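Just one chain is shown here, as C-alpha cells, and it is the form deposited in one PDB entry.
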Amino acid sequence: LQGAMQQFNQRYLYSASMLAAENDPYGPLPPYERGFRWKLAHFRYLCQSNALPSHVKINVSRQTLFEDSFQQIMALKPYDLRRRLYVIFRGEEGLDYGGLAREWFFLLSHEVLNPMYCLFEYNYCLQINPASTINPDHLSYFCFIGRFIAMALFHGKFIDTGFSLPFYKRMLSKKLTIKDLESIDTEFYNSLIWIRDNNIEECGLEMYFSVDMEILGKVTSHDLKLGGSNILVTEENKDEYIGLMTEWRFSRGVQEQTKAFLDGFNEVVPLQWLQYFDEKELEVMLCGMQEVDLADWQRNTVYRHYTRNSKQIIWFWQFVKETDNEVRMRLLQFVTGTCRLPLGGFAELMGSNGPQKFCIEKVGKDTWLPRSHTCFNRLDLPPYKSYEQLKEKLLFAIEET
C-alpha cells in the first residue's frame, strides 16, 4: 500500500488550493463557465461555518483499523462528526495535528475493500456488491461508509478509493441517461439500443415489463410497472420499457445498500449542499487533483482510423499540451470515466473488460460532437477541419453535463 500513499500525499500538495474558503459572501472585487474553484471555495465556507466546537476522539489500532473505526464512528452522534477529528493510533508515535487523520482516511478508504466483508466487487474502484447480503450486517457497514465519506468532504480530507461517475450522479440526484448505462453495462446498453432501433413485433421477440436478477443463486423477479409481468413490450410501448429498464439497471441488486450509504452521508453532510456540483467535480473533491503527465499519456495512446500523423491527432495533443491540468483531468473523466490513474501510469490503463489503452477513433463528419465510450476508454473524435474547431468542440464536450 506504500506506493499508493506516496502518490496520496503528493496529491495533498498539488491540491492545497482546494482547501481555500470564500471570505465574505459578497463576491470578487472588480479589477456560462462552470466555476469549479468557486463552488469548492463556497462549499468549504459552508462546512466551516457549520463546524462544531471541540473534538471527537477516534482511537484505532493499525492491525484492526476497520472494525475499530466502524465501532467508534457508529457510536458517535451524526452531528458530533462535525467537531474536530482527533485520531490516535494506539501506542504509536505522537498526536494528531491533522496528519494522523489524513493517514486514517487513506487507510480506511483502502481497508473497506478487504474481501472478508464482501461489500465491493474484486484497486481504487468502489462498486457495491449485490452479494453483500452474505454479510448479515452489510447495511450498517454501508451507513458507516456513507458517514465516513461525508466526514472527508466536511473536513477537507481525501480518500484513495472512490465510486463511479454514475453512482455520484444518483448521489446528486441527477437524471441518469442511457449513455450512463453504457458506462456500467455495455451489453445491457447495446440491447436497449437494439430494441429502440429495430422492430420487435416483426422480430417475433416477446418481452414483458418485468426483470429478474440472480444473487447467490436466489432469483428475484421485479415488476417495472403494475402488472408488468403480464404486459407485452410492443412496438407501441417500447419507449417506456427502455426508460424503466435504464433506471432499474443503475441500482440492480444494490438498492438497499445504496440507501444505507446515502442516508449515512446525509446525516453528516446534507446532500443539498452538493446540489450545484456535478459528478465529475464531486469525484475530484474526494480524491484530489494530480498533475497529468502528457508524455506518458501520448506514447500509450492507440488509434482507430487515425495515426500519429493524422492532423486531428496532432491537434488533440496540442490541445492537451496547452490546456491547464484541471481541463486535462476533465477530459480524462470524459474518456475513461475517472480522474484516477493506475499505479503504472497509462501503459496499465484498464477497461471494464481487461486491459485497454486510451483510444482515439475517427467516426462521422466535421459537424458531429465528440463522444466517449468510457468502458473502453475510447474517444470518438470527428475529423474536424481546423485546430480551433477541434478545441471548441472538445471543450464543449468535456464540459457538458
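Positions refer to the first chain, counted from 1. For the two forms, the rigid core is made up of the largest set of C-alpha atoms that agree within 1.5 Å on superposition. What changes on going to the form deposited in another entry:
- Checking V254, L153, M245, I184 for C-alpha shifts of 2 Å or more between the two forms, after the rigid core is superposed, gives a single hit: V254.
- After superposition on the rigid core, the Cα atom of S164 is displaced by less than 2 Å between the two forms.
- Comparing the forms between the two forms on their rigid core, the Cα displacement of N135 reaches 2 Å or more.
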Second form
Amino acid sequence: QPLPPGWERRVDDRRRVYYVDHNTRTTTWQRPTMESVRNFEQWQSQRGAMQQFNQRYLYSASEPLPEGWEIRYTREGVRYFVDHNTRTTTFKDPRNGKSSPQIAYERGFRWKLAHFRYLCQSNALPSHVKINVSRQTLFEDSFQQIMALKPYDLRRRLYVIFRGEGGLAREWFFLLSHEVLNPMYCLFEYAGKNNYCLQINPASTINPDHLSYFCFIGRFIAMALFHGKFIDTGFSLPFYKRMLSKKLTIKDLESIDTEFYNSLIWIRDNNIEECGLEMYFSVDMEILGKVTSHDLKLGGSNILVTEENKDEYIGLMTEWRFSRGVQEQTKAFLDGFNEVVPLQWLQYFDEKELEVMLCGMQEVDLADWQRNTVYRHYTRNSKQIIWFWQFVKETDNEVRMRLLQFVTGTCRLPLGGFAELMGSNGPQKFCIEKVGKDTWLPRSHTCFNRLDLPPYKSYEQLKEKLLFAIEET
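What would you give as the form deposited in another entry, now that the form deposited in one PDB entry is on the page?
Next comes a single chain, given without company.
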C-alpha cells in the first residue's frame, strides 16, 4: 500500500504498525490516505479567537434532603423547598415538616447550578497539582500528565505550566477541548458537512489505546465541570442525554442522522406491504473495511419486517443507530467522567442545562439574529413573526438561549454570528416556517436550524406554546 507524500510506516516494540509524517511530525495508527490528509489539513484550522471565547466567563456574572428536592430562597429571604419530582413547592421541610401565597414551581437552572457548584466545592481537595504541557504537543502531554494522577488529585487546584513559558486554566481547557478532536488520533468523526455533528468514531479501535484516551477525555470533561471551566468541544445533545442515562428517541435521531431518521419515519407512516418493501430485523455495519451483520433481536436476519411488527423494528433500529460500534468507547468516557464528577450529581439536569454548564453561555445579539433570520411561508411582517420577535425581545437571555438550543440543537454560536450559522448540509440560516394549525405546538429541525411555528391567533398563545416547546424534555 502506497502512502501520501511525507509519510512512512513504522513498527513498535510489540510488532504493531503505525505511521509518521516526516514533514509535520504527526503520528497516527490509521494508514493515511490523501482523503485523510486533506481532512487533517482543513481540521488544522489554527488548531486566536480565545478572547471572544472568554466573554463566556464575564457573562456568567450572576441531614440530606431527599432526591430531587432543593432548598431555595425568595427575593425577601423566605426559605422554600422545591419538589422536582411532583413539580410543586412547599414551605414545609420534607425532612421534618418544619415550615418557615405558595411559590410557583420553576425549573430554576441557576439554583441547580449553584447547588452543584457547592457540591464540587465541598469535595475539593487542598493544595494544587501541576500539569506540565508543551503547547506544540498539548494532547499527548496533557494525556500523560492527567492519566498519571489519581482521580482525586484532579480535584485539587490546577496549576498549568506551558513548557518554556487562573487564566492558564481557562486557556488549557479551551485549547485542549479543541485538541482532542484531532482526526489523527481517530477518536471522533463528524456526521455532517464541514464540522457538523460530532460523534465517537467506531473506527477508533485502530488506535489500540483508544479506551485509555476516551477515559482521559471523560476525566477532562468532568474536570471542566468540577473546576467551573468551559470547553468548546461541541458534543451533541443526544451525547449529553447519554451522559444523563436518558432515553434516546426518534426525534433525537433526526438531529444526528437525517437519512436514517427519514427512512424510519417513512416506514412508520407508510404501508410497507403494499409497496413491496423487503426488510429484516438485522443490520450491517462496516468498520475499517470489515462488514459485520447484527441481528436486532434473536434470529433477526430471518424475520421479515411487516405492518404488524415494524414499530418494534423502528425502535430497535433507533437504539442500534445510537449505540452502534461505540459501546466500549462510550463506557470508557463515562467511567473516566464518573471518577471525577459522580454522574449521579447530574441526575436532575436536562441535556441542554448540561451543555450550557460545559460550554458556558453568551449574550445573544438580537440584532444580528434578526438580521440573519429567513422565513418560509412567512414574511418579516407576518403577525406571527412580529409576535416571535416581540417574545424574544420581551424575555431574558436564559429563555433566548433555550430557544436557540431548541432550534439549532446547541448553545454554541458561530464566531461570525448568525450569518455564518451552519447546518448538516452546509451554511443554513435560522429559519421560521409556517406549518400546521394554531392547535399544534412549535417543532424544530436542528439540522436545518428551522422552527416550524404554527400560525397562532394571538400573541399570548404564541408565547404559551413557544415557552412550552422550549422547556420540554
